[PDB]
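Protein chains: 2
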Amino acid sequence: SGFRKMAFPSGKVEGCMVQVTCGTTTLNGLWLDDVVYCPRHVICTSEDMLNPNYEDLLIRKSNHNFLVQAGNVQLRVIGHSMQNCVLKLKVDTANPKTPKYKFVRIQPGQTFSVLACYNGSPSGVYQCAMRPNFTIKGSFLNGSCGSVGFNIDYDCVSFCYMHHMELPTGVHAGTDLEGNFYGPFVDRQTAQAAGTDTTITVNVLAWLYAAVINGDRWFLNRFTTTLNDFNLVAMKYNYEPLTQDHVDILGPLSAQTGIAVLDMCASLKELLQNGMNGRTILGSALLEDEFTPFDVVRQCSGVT
Amino acid sequence: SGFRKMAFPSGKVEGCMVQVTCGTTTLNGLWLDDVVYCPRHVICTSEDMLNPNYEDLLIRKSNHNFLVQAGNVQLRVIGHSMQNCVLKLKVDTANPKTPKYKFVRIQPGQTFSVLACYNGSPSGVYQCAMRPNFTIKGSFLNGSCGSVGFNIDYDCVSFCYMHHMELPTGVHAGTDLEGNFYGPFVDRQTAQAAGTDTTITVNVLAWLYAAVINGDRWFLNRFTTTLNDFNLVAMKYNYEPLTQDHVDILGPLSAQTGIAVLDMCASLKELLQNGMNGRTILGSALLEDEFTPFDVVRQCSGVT
Ligand SMILES: *C(=O)/C(=C/c1ccc(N2CCOCC2)s1)NC(=O)c1cccs1
Ligand SMILES: *C(=O)/C(=C/c1ccc(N2CCOCC2)s1)NC(=O)c1cccs1
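If you're matching them up, the sequences are chains A and B in order. Just remember that full-length UniProt numbering sits 3263 ahead of the position in the first sequence, which is counted from 1. Just remember that full-length UniProt numbering sits 3263 ahead of the position in the second sequence, which is counted from 1.
Incorrect hints may appear among the rest.
For chains that are exact copies, the list does not tell them apart, and a pair is met inside one copy or across any two.
[Stated by the list, open to error] Each computed DSBU-like pair below joins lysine-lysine, with the alpha-carbon atoms no more than 35 Å apart: (1) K3400 x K3360; (2) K3360 x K3499; (3) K3353 x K3499; (4) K3324 x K3365; (5) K3363 x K3353; (6) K3499 x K3365; (7) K3324 x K3353; (8) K3351 x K3499; (9) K3363 x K3400; (10) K3499 x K3363; (11) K3324 x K3499; (12) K3353 x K3400; (13) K3351 x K3365.
No lab work stands behind these hints: they were computed from the structure.
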């Protein structure tokens, strides 16, 4: 019993974190095999950040200008390249703690754990989701750049995010491990406003299923709805449209609880229309959307 | 920016988790130096659990009846003893991954990270608090017993909790690493009801300070209060009494924000009396109490 915002165990990723310094800028790097991945803005001064030409700035840098430190020992940089918004620093030593890994590009609504780091050292781990506007609501201070987001499937770490910046609004933007930003964000200190942060409907429904499995059932009503009727209500409340693919994904939770997906949609529609009335669901006074149907199944089943 | 329910990096604790089996019961153990710590109820059958005499049940067990497996390799048990509600299994091999560690007994209101494990393997990490009724609101399934709670200070892991049971109400109880239960709970399947789960006032105030530091200031009012007036309101809302020790502990957050502790108490008093009115603070519709003043300082400063 109980349902918590749970992150993956971070050990495998802690063994990959290094400090990268270029000139006066220090941030974090991810060391996998003989390559250290880090945000390309490590080459920028605070002034360069206003309008950087990364190709031009990188010409003034050599291998010896990138200082890579792994747990108080210096790594030798024998090559460097820019791939989109990340730098790949080839080092002469393969990371002995390299886990099995993949680089994945996630879709909005997908969750992942972040290992927040400073100066190559881990400070904490938390769970978040790729928002529908392609921002993440993290907890990052200056120097956290290069901290990564990941999911674990048994022994394989799928790296999906690398932190690059905080928007003027306090929300966060970054890239996949190929250096491509999620959303329309650029690594420049310029006017970048995020779009509507809509609620991830399929995740709210998954969390309502977790609530039923954990005994919190007060919100279950005597109604049902259709996908089209539910979506008229969802659009009005800034919830993402629910598709038949989402209904299919909720199948296992629907089967476990015996609650048809469309019945849970009708319960959620009434919660949107009536509010919580001062009540809570799984200790929350708002509808939680940073648990995917997969996270709910995983947590409720005890996947290790 | 941003404020997240952040757990400590779990790597150091992942390297200590083992599987302990006695007969048909399998749970988790913590391997530190040449000792494996686990709940003594590993010797119980589901029937024994109704009214166990642990001393008597332990007489029927020898070293070879405790099977300890660390990452698919078997450890040799060369001694066993019962200390309060934990068993200490002496093994012939010191854990090579033993971090610097301490065993601490925490007070209610204190937070810690839990590394939920099944069959000696980590499944997830989350942050929780020792409630004022000495329960924890975790996320534990059968087989999670022996999972531990901990805090990290740089390189020293202070182990403070070991999971032993779920109360009939779905909340959790366990011991410190000396085997002493937090609260009045016993490791027996009997009627054990928890006391009032009051709100940890000093932690709510700390989180309101985190909110101000992160730009969420709508709740700041033009009033102040006294400790005695605030506490009359706190008692009415099932909040723990605020003491001068708590005021002193909030000193650093009061200094950083320039908001006197008693002014923040008056803001909190108005939130209790008026409610949130459909508004949120740090993305929450309720007042969060599982962040200590130390956690707020740590997260807002980037301690690694
Ligand atoms: C790296 O750690 C880092 C990079 C940034 C690049 C641009 C930034 N912003 C700040 C807001 O105004 C526009 C430019 S930040 N910093 C950070 O990720 C953070 C700094 C403070 C909090 S998080
Ligand atoms: C160990 O993993 C474990 C021990 C328990 C001992 C007594 C328990 N209860 C269950 C509720 O009724 C009274 C007796 S549980 N189990 C657990 O921690 C859990 C089992 C289900 C969820 S957590």
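Hint-by-hint comparison with the structure:
no.	hint	result
1	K3400 x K3360	both (29 Å within a copy, 34 Å between copies)
2	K3360 x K3499	neither (49 Å within a copy, 54 Å between copies)
3	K3353 x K3499	neither (50 Å within a copy, 62 Å between copies)
4	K3324 x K3365	within (29 Å within a copy, 46 Å between copies)
5	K3363 x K3353	both (19 Å within a copy, 33 Å between copies)
6	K3499 x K3365	neither (38 Å within a copy, 53 Å between copies)
7	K3324 x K3353	within (14 Å within a copy, 56 Å between copies)
8	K3351 x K3499	neither (45 Å within a copy, 59 Å between copies)
9	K3363 x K3400	both (28 Å within a copy, 33 Å between copies)
10	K3499 x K3363	neither (44 Å within a copy, 54 Å between copies)
11	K3324 x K3499	neither (52 Å within a copy, 64 Å between copies)
12	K3353 x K3400	within (31 Å within a copy, 45 Å between copies)
13	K3351 x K3365	within (16 Å within a copy, 40 Å between copies)
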